[PDB]
Every structure is written in C-alpha cells, then in structure tokens.
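Only one chain is included here, represented as structure tokens and corresponding to the form solved without its partner chain.
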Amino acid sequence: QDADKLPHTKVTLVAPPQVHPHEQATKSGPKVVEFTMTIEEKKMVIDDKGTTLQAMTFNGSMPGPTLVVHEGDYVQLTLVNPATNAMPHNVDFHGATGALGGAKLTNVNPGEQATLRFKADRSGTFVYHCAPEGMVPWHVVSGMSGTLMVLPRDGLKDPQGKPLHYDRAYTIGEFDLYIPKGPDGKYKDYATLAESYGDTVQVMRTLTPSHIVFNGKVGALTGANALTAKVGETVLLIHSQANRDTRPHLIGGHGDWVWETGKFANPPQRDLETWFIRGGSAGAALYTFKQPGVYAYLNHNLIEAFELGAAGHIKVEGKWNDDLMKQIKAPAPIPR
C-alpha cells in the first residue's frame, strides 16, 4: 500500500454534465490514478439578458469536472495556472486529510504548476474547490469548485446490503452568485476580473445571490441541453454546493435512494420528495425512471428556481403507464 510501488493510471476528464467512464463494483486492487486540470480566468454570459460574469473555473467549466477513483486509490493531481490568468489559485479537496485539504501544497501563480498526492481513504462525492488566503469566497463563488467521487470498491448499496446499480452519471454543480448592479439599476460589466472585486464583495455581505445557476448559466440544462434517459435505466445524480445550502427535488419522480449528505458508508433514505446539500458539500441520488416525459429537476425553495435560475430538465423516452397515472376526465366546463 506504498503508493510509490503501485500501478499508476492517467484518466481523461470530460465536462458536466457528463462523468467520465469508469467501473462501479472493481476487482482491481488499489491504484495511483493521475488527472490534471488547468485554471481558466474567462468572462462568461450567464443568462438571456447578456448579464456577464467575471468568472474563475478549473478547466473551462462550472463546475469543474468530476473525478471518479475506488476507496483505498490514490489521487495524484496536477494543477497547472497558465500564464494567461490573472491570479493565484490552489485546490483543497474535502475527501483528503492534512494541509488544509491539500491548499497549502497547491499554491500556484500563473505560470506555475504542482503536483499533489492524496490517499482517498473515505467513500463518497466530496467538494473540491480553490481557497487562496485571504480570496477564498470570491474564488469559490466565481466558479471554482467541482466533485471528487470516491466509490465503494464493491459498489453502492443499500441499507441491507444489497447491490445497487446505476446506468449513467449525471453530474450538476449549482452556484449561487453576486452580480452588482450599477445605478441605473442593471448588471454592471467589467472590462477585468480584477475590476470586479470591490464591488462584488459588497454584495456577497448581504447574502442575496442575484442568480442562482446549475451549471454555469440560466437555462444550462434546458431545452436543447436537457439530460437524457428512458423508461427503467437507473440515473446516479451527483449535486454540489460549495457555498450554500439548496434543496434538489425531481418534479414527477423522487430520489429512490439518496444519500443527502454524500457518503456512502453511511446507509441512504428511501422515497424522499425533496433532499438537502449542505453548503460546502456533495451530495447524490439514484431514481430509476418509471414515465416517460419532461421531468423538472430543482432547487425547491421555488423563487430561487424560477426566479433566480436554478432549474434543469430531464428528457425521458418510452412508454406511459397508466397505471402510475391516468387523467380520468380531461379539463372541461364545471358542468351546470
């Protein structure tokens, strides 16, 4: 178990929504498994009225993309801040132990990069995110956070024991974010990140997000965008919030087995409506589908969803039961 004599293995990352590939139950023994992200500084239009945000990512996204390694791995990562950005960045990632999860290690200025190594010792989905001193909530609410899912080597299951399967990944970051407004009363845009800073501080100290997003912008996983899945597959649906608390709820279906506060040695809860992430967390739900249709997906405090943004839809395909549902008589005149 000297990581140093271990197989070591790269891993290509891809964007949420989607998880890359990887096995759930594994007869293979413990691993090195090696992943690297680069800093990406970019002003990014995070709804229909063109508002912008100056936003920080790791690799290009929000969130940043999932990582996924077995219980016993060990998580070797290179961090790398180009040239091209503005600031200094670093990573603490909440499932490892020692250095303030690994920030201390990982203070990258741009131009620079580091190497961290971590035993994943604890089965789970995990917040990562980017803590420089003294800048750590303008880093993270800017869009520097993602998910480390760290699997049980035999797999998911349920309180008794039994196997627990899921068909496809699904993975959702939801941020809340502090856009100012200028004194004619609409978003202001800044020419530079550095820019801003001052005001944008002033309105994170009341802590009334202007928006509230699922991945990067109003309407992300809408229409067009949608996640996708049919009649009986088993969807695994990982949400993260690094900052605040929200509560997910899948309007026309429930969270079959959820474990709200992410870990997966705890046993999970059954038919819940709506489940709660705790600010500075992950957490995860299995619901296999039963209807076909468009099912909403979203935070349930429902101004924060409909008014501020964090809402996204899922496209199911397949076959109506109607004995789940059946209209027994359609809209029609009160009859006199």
Contents of the next structure:
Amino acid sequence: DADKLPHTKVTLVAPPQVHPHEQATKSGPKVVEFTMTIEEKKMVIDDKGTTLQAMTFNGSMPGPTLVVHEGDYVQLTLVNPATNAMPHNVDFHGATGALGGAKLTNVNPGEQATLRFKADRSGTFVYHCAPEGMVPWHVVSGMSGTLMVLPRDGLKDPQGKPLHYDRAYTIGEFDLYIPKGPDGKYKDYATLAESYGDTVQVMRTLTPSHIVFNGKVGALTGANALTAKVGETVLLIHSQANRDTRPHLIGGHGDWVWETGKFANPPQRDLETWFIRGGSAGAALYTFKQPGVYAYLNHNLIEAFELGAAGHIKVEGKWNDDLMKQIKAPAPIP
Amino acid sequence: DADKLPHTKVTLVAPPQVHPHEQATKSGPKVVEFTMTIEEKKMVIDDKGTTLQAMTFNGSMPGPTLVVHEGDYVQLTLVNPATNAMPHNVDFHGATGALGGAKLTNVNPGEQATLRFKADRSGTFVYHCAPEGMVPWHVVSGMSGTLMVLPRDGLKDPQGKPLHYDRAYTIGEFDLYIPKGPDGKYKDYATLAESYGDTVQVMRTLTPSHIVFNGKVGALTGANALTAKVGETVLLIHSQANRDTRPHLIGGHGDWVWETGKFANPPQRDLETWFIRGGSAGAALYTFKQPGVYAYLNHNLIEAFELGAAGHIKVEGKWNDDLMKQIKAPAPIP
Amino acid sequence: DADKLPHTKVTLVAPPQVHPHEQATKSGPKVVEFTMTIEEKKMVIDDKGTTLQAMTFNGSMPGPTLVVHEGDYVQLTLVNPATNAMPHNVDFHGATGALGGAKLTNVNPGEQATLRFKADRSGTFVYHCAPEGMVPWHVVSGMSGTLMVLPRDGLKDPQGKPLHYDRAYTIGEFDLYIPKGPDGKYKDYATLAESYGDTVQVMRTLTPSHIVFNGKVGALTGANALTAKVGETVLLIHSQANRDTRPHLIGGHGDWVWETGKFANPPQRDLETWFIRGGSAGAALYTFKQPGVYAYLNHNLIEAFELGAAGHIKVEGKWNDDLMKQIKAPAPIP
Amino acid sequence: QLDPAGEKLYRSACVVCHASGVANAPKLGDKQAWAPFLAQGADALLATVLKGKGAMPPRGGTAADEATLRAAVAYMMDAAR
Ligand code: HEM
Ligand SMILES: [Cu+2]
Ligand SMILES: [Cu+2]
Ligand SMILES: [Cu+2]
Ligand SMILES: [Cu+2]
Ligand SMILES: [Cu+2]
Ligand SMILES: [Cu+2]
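Please show me the structure of the same protein in the form solved in complex with its partner chain, now that we have looked at it in the form solved without its partner chain.
Below is the entire complex, every chain and molecule, led by the chain shown above.
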C-alpha cells in the first residue's frame, strides 16, 4: 500500500542530461515525488530567427526525464503558474486509468494538482499534455517528455545477461508546424493563442516546417554536443510524442535497442537505424569503440539536414585501426 | 484433400463486432464458407455532412472480419451485383497464389465467383479489392477488411502460455482522399465514376483529407463505442490496407501485441503505442484494470484529433486507487 | 591483425543480381577487396521521358551489393573519375568509426581512396555517399546500395535451424524529388549543379514526385522481371537510404524476415508486409509454392502504383490446387 | 452588420476553446448554451472577455483591441441566433 512506503523526493535536471539514478537496486518499491512547473514562452527554434509560440514542462523541450523502478509509485505535483494563458494537464503513457492522469490533473493558470500512479510496467514511456479539445496543439508546441521505469535489477539482453550504461542522454524530437505569411516568411505572434488558427492549418498538411532535437536546430551541436569516451556505454533515450522517427548513430550502431521501448521484451542488436513510433519513447545502448565526432540523427536525411533533426556526440579516446583504417588516402587516380 | 473435407457456414457480422468463433478448438480442418456482396455507395464520413463515393465489401468500411483456424480452407463466394458500376475482385494476404486470389475472382457487375484457399498461416491478414490498373482507388475508397486465422490451439505468449480473450473488436482505419473545390469545401459527386479523376490528384499528394476508423469520423463513439468491463480481456484487431498507423489506448497498454499480425511470432508486452504497416493487420490484447471512457487512437495526434483517427472504449467497473490516485485535486498554488 | 590475413578480390555485378558468394563457409576471415567507380549521369526515370540528374556508385541505382562474412574485412577502393563534377565519399552503416568511412574517403573528381573496415556485425547494411553539407541531395540522387555481412555459419531461424536461399535479389527503393516548371511539367536540366536548388525545394516538401525500384518506373518488369520457380527459395534484399517503405509480395509472404536487417536477431515468419526504416536495409526469405506473375511492391499502394514502387517476379512451375482453387469461375448471377 | 475582423480574430485564436468546448467553453453555434449570454447583452459579454473568466484568459488570450474583441463577440453571438 503506497501510503505505507518510504517517500523520496527527486530533483529533476534539464535535457539532455538525466537525473542521477540507480539501475539495478536492492531497494523495494517506494513513492518517488517529482514537481514540474509549466512554462509557456516564445522560443527561437532555428538559425534564421524563426520563433515558436511554445509550451513546455519545466521550461525545456522535451520536459525532463523522470526515472523510477518497476513497482515504484510516481507522485507528480504539476504547477501551472498564473503567468500562463492556457489550462494544461498531464497524460503518462506509463500510467493506468483516467486517460493517463489527464482527467485528474486539469490545472488552470494559478492552479496545481498532485497525481500518484503505480509504475508497474518497465520501459521508456512518453508523457505529454492533453487538454480535452486541444490535444495536438499542446503536444506539437512542446509539451512532452519521458518517464523511464527501470527493471529492479537493471537492463538485460535476450539471454538475461546484465546490461549497464555509464551515462544516459535524453533526446526529444519535435515536429514543428510554424505558419508562413503571404510574403513567404515565418509568422511571429504576439501571444500564444493568436498563433493557433494558422498553426492548425499547417498541422493539417502533416508536413512539419522544422523537426528539431531538444527545442531547436543545432541544440545538440557545437558547445552543446553530447559527449562520450571510447569504452563508455551510453543509453540514448529518444521520445517522439506525435510523429515517427528513425534514429541512427553515424559511424556507430544500436548495440542493444528497444525500439518500442519496453524492457520486458528482448532488445534487438547491431541496428543501423531503429524506429520510434509517434507517441512513444524508445531506448538504445551503444559502447563507443572509436573516437571522433558522430552524428545522431533521424535517418530521413531531409528531416535531419534540411529540417533540423540531427545532433552530435563528441567522443574521446584511442583510434582503433583494426576496426577501420585508411589504406590509401585520397590521391590522384593512377 | 480439401474436396472431402466437411464444410461449415459462417454468418458474418458488421464491424466493430466479430462473428462468434472458437479460439482453441478440437475440430480438425474444414472448408469454411463465406459470402460477401460488393456495395458501391455514397457515404457520409463526418457529422458535418461530407460525402465519399465509397466502395465496400458487404456494405461496411472495413468489410467484415472472417475468422478461421490454421489449416482450414476459406471458400468465399464474391458477388458483384448488377447495381454496381465497376469490376471488383479480392486479394487475400492470407492466401498463396494468383495475386492473393485476385486473378481468379474478377467479377463484373452482375457476376459472382467462388474461390477456395488454404489458410495455412496464423495471423490477422488484410484482404482488399485489387482490380488491375485501379488498385489504389478501390482500396482507399473502402474495399478492405481482415481475415483472422487463429492457431488451432489458440493464442500463445512468448513462452507458449495460453492467452484468451473475452471479446474481439475489429477496427479498419481508412486514409481518405476527398477533393476540394474553389470554395475550399469538399466536393460532392453524383456518381462514383465522376469522383475518379479528382481523387487520383489528391492521392498523388500522399496527404489524406480525413483518416477514419470504420468509415466515419466518430464512428466508434456513442452507441457504437467499444465496450468492456474491468477484468475483461479484449482483442483489438487493427487493419490499414494502404498507409501506416500507430495505435494507442489512452490510459491503457497493449498487454500482448503482434504488431506485424502473425501469431507464430512471439508478441511484445507492455506497449504504449504499436505500429501497423500499410498493407497489414495487427492485433493487441488488453485486460482492463480501470473503469472509464478510454480513447483508442492513431498516435499521430493530428491524424487522430484533426483528421478523424480516434474512437472510444467505454469500460464499466470499480476504480482502483492503488494503480492511480488523485492525491490533490486542482486547487490554487499556495 | 588484418594485415597478414589472406586477401581476395571480388567482381561486382549489377542489380538486381548479387555477386556469387558462399552462405555457410568453411573459410577463415579474409580481407575482401572491392572497387567502385562513381558515375554522375542523366537518367530517364519514367515512361513519359522525365529525367533525373543522377549520381551513382558503379553506374546503377542502387549501387551493387557487396557480400562478405562476419569477421571479414571490407577493403574498398572508391574512384571518382575526372569526368565527374562533384566530390563524393562513402559511409558504410556496416562500419565502425569516422562517420562510417566518409571522413576517410573524400574524393574530388580525378581522385581515389582505399578504405578498410572490419565487418564485425552480421546483416544487410546501407552504404551511401555523404559529402559534408550535401548529404540528402547525394543520397536521393541515387548514391546508395547494400553491404550484406552473412554469418559465417549462414542464416538461422529463431530456433537456430539453418536457413538457405537458392538465389538473392537486391532491390533499392529511391524516393525522387524532381522539380516542376511554371507549366507544371517536370524540369530537365543541362547539368547536375543546375538541378541543385530546385531539388532542395522539392525535398523540403517531404513529398516524392516518384518512388522507384532500381532507378526507374517499371525497372523490375517485363524482360527485366525477377524470376524464380516453385520450390526455389529467394532472398529479397530491400534498401531505402532516406525514407520508410513497406515491402509486400502479392500472392506470397515473407517466410522469414529480418525487417531491421540484422541477422543475429531472430527473424519473424509469415509476414504479409514488412517495414524497412529509412536509412536501412532489410531482408526476406520466401520459398515459392505457386507459379505465375507476382508483384513485389511498397504497400502504400499510391506509392506503388501511382509513384512507381513496384516490380514483378515471374515464377515457373506447377499450380497447386490444394493451396488455391477456383471453385466457380466468374459467371452471371442467377 | 458584422465586421470581418471579428470572424478573423475568432478563427485565429478564440476557436481553440470555443470550437469544441475546452474547459466547458460555450461552443460556437450552440443555441441553447448561448441563450443566457445573448440575454446579458453584448457589452456584458465583452466586459467578461476583457477581464477573463475561469479558464478563459484576459482578452481571450489575445492582444486585440477592444473594437476587434467586440467584433469577435458579435460574430459569436450571431452564430447562436
Ligand atoms: C478573443 C477570443 C475569445 C472570445 C471573443 C471569447 C468569447 C467568450 C464569451 C463571449 C464568453 C461568455 C462570457 C461568459 O461566460 O459570461 C466566453 C466564455 C468562456 N470562454 Fe471564451 N473567448 C475567447 C477566447 C477563449 C479562449 C482562448 C479560451 C480557452 C483558453 C476560452 C474559454 C472560455 C471559457 C472556459 C468560458 C466560460 C467561462 C466560465 O464560465 O468559467 N475563451 N468566451
Ligand atoms: Cu498544455
Ligand atoms: Cu499520448
Ligand atoms: Cu473494387
Ligand atoms: Cu495487398
Ligand atoms: Cu556523392
Ligand atoms: Cu546513413
């Protein structure tokens, strides 16, 4: 009974990092308490000054990743400050009943609510805002993130062998639908609500204007590239709350991948490209064997390079000539 | 030798219901006889009065679901009444040879044909019309449904444990390509043939005007909502003959899912969202744990809420606070 | 040590054939040497005379399939003749490091380079050109193919039983983005560079003008149809370097399918339709049981029949009435 | 006579809640739901829009001027007649 269990409060961290956790644990079930505060804000989403009238959990796209273990209870306090214009709520795909909690978390500006649910299924699960009557707008504008429910003794391969990651990154991919005006330029809006009508027109074409990792073109590049080292095992959590994507690590692989994101199923190995269904989160493990800069991207290459769905991972370590060697560098044909 | 096998006759029922069947059976192979009659008709596909010049098996979109067991022979009498304008046929993805039977079932208006094939592979399989040179039009106009071939021993989990359902529902998802006129309104055509040219132009854009479950926006709502009780196991069969979809039960899960639809493969568990490839049928089992009205939808939320790909399941029973509890109702921020 | 290992040279063949290989082999690991020469050229891609300013490996779309065995090393000499206009390189999804080899194989016209990498993961893997800042254009213009890395022991089913094919075919599916002029006619360009800007605009709409198997509408039909016979087992390798596809054999099945294309994972059986993620290659086995002309296609039927993503397989042999029988040929309704 | 600016504002913003009834917003064209509002009169309705009420943010969450808001209220009232 949840009321009798120890309660732990967790401090969330901004994507792409994930809050410190346990993988395999000897602890039994607990109630894990989290708080998120909704923030509506205009955000610049590309290199060319284009703005989105955005909606976020905790000020970020995606919202922060919440980690518990299978059998824990998630207890979320959801705060909607009086400074916001719209009502919001939360739907956890990891939860059972009441439209994922959406029916129990309807908060107008100036209100808050607390939901508890049992995280009785292991895996990475999307959570997202779902206000009745305006669901897609809130999702596409930025209101989604991941809940990760780890098996109590950690991840396992198809034969039951233990898999352990040294670091976890969370990547939320966002299909954006920014209206253009008749002059052919992207529209900038004074308020969130004024953006709606023109945005739904674009939504109905099913053609995103931009598709971005973590809230903007190049969010996960340059100074903000992900990082790793040869020998390090990374977990790459990938959420897409609205539209399909196909993650690929250029020069790497998914060593073990749960593309449907549910840890009680055996993972697939050696993937070049995997597939995240719109409305889900999946997870991939990779152990780096080569240093260098990698691209992590949606392998519809138009979506990646033209529309924005690409990031980098900068990897330190020793080059391995057995795995790959330049035999003859580029030179004139004989 | 299928000549010499006993015959049985099935009375088909309209979606979302599925005709009564055995799961596990002590019967051996039989020749199972079905009849379907083609109906071309103008249909209203939303509550606004928008029309489609539709083509159907047995008067419905999707056509009825046909259930046999692995090793049975399906013997279909296909009738194309004189009232119709177009030639039709049937291609069973569950059949082997002659383009799924299409080459052997070409029926002009005022003709009928009888096809027998061995259902030697277990799974949910699409059937659809496929008249040479006209395939996409007939399919997107409504001519598809599902053949379910159950293992003779019933459904099994990955360890070979028996899985039983209390009721089966069949959902056919249809991407529609309805032309618009200069006034921005959907076009209404006096005859099926008159709709052809304009419809082909819309199809080539690859952008559906509507995406509907069972022939209409909100088809699976109100008196025609799916129903269940807490403790009941439902099998949700989902067909998409032309385009990908990503089913999701809001507030629920796919307890056991065969997303590629083929029962000799182990199912996956605990899914939030699954994936039905265009040109296939898949199936998910779920046991209800909470009462309430669930949404069952395509989790491209634009496709669901803007274009029509969403329905309801109304579930009776007692609320479970252990699984989910509103700890604090929406109230002012302290 | 890869040096010191025996070297062998393989002569490539044009799609849809695949160069003679070994499945299960008694051979130890070797360095397998290949050469490919890049060819930029104007190609007619449909039966109306529409042209593509194309770029190819070895003069074909897709490039040839390279077969080794797990533990072999691939050593590719890539040649960019002085007759070409653009720099090129190669990214092997089968490889580990340096953006798949792209960083090590940047060749200007008049240059060549030699790359070695260890093929340490079994499966079918895309290779494609990836010049920095120019990746999507080079890929959609034709620069992709398949590397097949067979397990040393050959293909195996989920229970570890040997699977063997009699012939392999390789199909590359290409989503093309051909610009139109003010008159609504496809543009025809004097030079490759000339096509660039207009093509990028079409790409950004995410809507292909054409989707073709092996470089043109109807490439795999008529005199050029694939062939087999009843009792013969065929491997169908399907690559799509940029965009998702859903292969289906009309009147057949995927007996054993690795849709993500990685042979250390168990295959699924009895598939009606499978799914190749954009940026990947998958593989299906089928043993023919019926003679006749089959269609092999992308089962978005608009993509297949309207846009070009369809081929034929002509199959010799004896009709099997047990599997399918015309009980009553089309005849007038009484 | 209505002004086109009202419908335009409605279609850009107000529609997000009033098309269906987000947070129990009276739906556009709902004759019975709107009867008591019509009886309050246009000035009262406009005052409520400017102030905000429940889940409806001040100015219906727009930066429109009073005249444009009046026009949108007028369009909404018209649809309910
Ligand atoms: C300028 C655009 C808008 C206009 C002209 C408008 C108009 C109106 C009017 C005339 C009323 C009746 C006043 C009353 O109930 O006494 C009303 C009520 C309401 N509106 Fe709006 N509205 C707009 C925007 C919005 C938006 C964006 C929302 C959603 C965030 C919304 C939600 C509501 C709700 C919930 C009510 C009922 C208030 C209650 O009884 O608690 N409205 N609106
Ligand atoms: Cu929200
Ligand atoms: Cu959801
Ligand atoms: Cu037909
Ligand atoms: Cu088909
Ligand atoms: Cu190139
Ligand atoms: Cu690639």
